[PDB]
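J.: Given the structure of chain B, go ahead and fit chain A with the ligand onto it with the hints provided.
Number of protein chains: 2
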Amino acid sequence: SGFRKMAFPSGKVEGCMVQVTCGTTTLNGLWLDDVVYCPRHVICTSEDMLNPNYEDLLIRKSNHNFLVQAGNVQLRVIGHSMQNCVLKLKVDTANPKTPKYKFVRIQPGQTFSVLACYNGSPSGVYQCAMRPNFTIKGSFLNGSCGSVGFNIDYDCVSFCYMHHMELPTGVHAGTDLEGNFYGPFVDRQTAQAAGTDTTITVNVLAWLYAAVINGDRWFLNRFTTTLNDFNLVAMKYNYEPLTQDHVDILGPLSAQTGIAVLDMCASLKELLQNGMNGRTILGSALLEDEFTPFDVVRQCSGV
Amino acid sequence: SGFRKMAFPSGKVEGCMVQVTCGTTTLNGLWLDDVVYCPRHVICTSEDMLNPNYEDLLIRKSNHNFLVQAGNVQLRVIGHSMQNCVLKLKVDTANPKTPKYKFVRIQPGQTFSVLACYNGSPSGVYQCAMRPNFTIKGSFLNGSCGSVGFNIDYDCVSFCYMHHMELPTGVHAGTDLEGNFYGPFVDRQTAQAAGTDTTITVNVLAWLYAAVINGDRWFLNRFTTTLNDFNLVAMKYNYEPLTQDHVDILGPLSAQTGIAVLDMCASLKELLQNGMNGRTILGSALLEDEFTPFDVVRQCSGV
Ligand SMILES: *C(=N)[C@H](C[C@@H]1CCNC1=O)NC(=O)[C@H](CC(C)C)NC(=O)c1ccc(-c2cncc(Cl)c2)cc1
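Sequence lines, in order, name chains B and A. Going by the deposited numbering, the first residue of the first sequence is number 1, and it counts up by one from there. Going by the deposited numbering, the first residue of the second sequence is number 1, and it counts up by one from there.
Incorrect hints may appear among the rest.
Stated by the list, open to error - DMTMM-like mimics (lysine to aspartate or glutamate), calculated; alpha carbons at most 20 Å apart, straight line: (1) A/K269 - A/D229; (2) B/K5 - B/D33; (3) B/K100 - A/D176; (4) A/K61 - A/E14; (5) B/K97 - A/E14; (6) A/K102 - A/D33; (7) A/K137 - B/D216; (8) B/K5 - A/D34; (9) A/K97 - A/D56; (10) A/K100 - A/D229; (11) A/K88 - A/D34; (12) B/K100 - B/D153; (13) B/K88 - B/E178; (14) A/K137 - B/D153; (15) A/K100 - B/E14; (16) A/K137 - A/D155; (17) A/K97 - B/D155; (18) B/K137 - A/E288; (19) B/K5 - A/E14; (20) B/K90 - B/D33; (21) B/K5 - A/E290; (22) A/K137 - A/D197; (23) B/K100 - B/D176; (24) A/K90 - A/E166; (25) B/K5 - A/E288; (26) B/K102 - B/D197; (27) B/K102 - B/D155; (28) A/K97 - B/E14; (29) B/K97 - A/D155.
Because the hints were derived from the structure by calculation, they are not lab data.
Isolated chain B, as found in the complex:
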């Protein structure tokens, strides 16, 4: 038993992190087979980033402007191209530690693990969720660009995020491994705001099930609610609506606890309208929305 924010073991991704240098600027790159992937704003000077014409800057570089280091071994760049906001560097040796991998684009509300790196060296790993406004509340400092997010399915790594920038509110924005940003952001050095964020309702309910599996039940009630009447209150409180697909995905947790999904919705509806009265749920003073139903089942199956 117990419930903790848990990330996937980072070892398979650690063996792929490298350092990429162009002139004065350095960031992290992902070395899979004989290709290194990194954010394209590595080819920018401090002045270029204000309003960069990337295709211009790229055509003015050659292979020898790129210094790639794996540990203390420099890799020779023999090719380069640009796919959206991601620069791809072909090297002359394949990574012997390349795992089975795929590039995926995740949906809002889904979670992934982030391996925060600096100068190609892993610093830490933590679990994130893609917000409905397509930001992530990560922990990134200068030089963390090129850090990747991922999930692991069996022994296959699904890369879903590469970090590019921070927003004035302190949240973070990035791309998939095809170089396409999540959300309406661009890799400029300009202040950019996201849309108003909402709470991931299906995740909150999954976390309420986790709280009950671990013995916390003070918030349960005996009101009932229809799916529509719950969604009416949810949207009023800036919560994402619950789909029937969301209801079905909560099924296993409903079966384990004997609490129908709509009864858990009634409990949550009361929490939104009443508050927590200074009480806590799994040691939290706030309703937590960065655990998916999959994340809860994986941790609580077998009570």
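T.: Same frame as chain B, now just chain A with the ligand:
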């Protein structure tokens, strides 16, 4: 920016996790050089764990009763011994993935990363704190024993925890890598209760320094206090007293903010006596006590 519970990258430890089986009982082991470390109750049947005599059970075992597997690859046991509650198995292969490492016994309040493993397979990694009552609020299921806790300085892994037990209240108990339990627990399948827990004062202080560093400093006063007076008052509120070493590890944060340790103590003492008054500190209404001064330094500086 951003503030999160962060685990160390687990790659160095993943390469040391193996599977140890005796009869039908399988748990996890730690493979460093040519020795495998695991909980000694692997030599127990389910009925044995009620009232085990461990050397009576151990002397009835020889090297060929132990199945050690790294993946599907078996490591032949060429020697065995018992050190406290940890079984050591000498194998005929030195782990080529052995990192630079160290065995340490941590103090209450110190944090570490846990690599949760099942059948020798890492499943997740999360951050933990040793509570004052010598339990950890972790997340463990059946077959998780032998999972280890660790810190990483430079490239040196400091192993500090190996998992043994779950208590009725859902918290967990284990030993250091020399087999000595943290707290007054024993590896027997009997009812054992953890003591009443307390708040880790040095970690709350570090978190107050983190708030000040980020411009959130309404809670500072002009009062000062003695170390003795603060400790006597803090125990009245279920807070741990500060040690000599606690003051010493708050030094860097004290120097960075220019706020003396005893002045921050006087600031926390008001917060305990007067409450929080519906105000916030780093976005929270709760004081956080599972971030050490090192966790704060390393996450507002990068590593
Ligand atoms: C990558 N190494 C780096 C990582 C971020 C820096 C600190 N935290 C991060 O997550 N990425 C960047 O520095 C990018 C580079 C662009 C995409 C070419 N820039 C920003 O993240 C950024 C842009 C603009 C502002 C800003 C501007 N005016 C006012 C304010 Cl309040 C903020 C901040 C950051």
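J.: None of the hints should be skipped; say for each whether it holds.
T.: Right, here's what the structure says about each hint:
no.	hint	verdict
1	A/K269 - A/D229	10 Å, holds
2	B/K5 - B/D33	31 Å, violated
3	B/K100 - A/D176	35 Å, violated
4	A/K61 - A/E14	28 Å, violated
5	B/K97 - A/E14	14 Å, holds
6	A/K102 - A/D33	12 Å, holds
7	A/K137 - B/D216	15 Å, holds
8	B/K5 - A/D34	33 Å, violated
9	A/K97 - A/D56	35 Å, violated
10	A/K100 - A/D229	43 Å, violated
11	A/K88 - A/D34	10 Å, holds
12	B/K100 - B/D153	10 Å, holds
13	B/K88 - B/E178	10 Å, holds
14	A/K137 - B/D153	27 Å, violated
15	A/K100 - B/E14	17 Å, holds
16	A/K137 - A/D155	27 Å, violated
17	A/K97 - B/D155	19 Å, holds
18	B/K137 - A/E288	18 Å, holds
19	B/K5 - A/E14	19 Å, holds
20	B/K90 - B/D33	9 Å, holds
21	B/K5 - A/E290	13 Å, holds
22	A/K137 - A/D197	11 Å, holds
23	B/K100 - B/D176	18 Å, holds
24	A/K90 - A/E166	28 Å, violated
25	B/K5 - A/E288	15 Å, holds
26	B/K102 - B/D197	29 Å, violated
27	B/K102 - B/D155	11 Å, holds
28	A/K97 - B/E14	14 Å, holds
29	B/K97 - A/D155	19 Å, holds
In summary, the numbered hints that this structure violates are 2, 3, 4, 8, 9, 10, 14, 16, 24 and 26.
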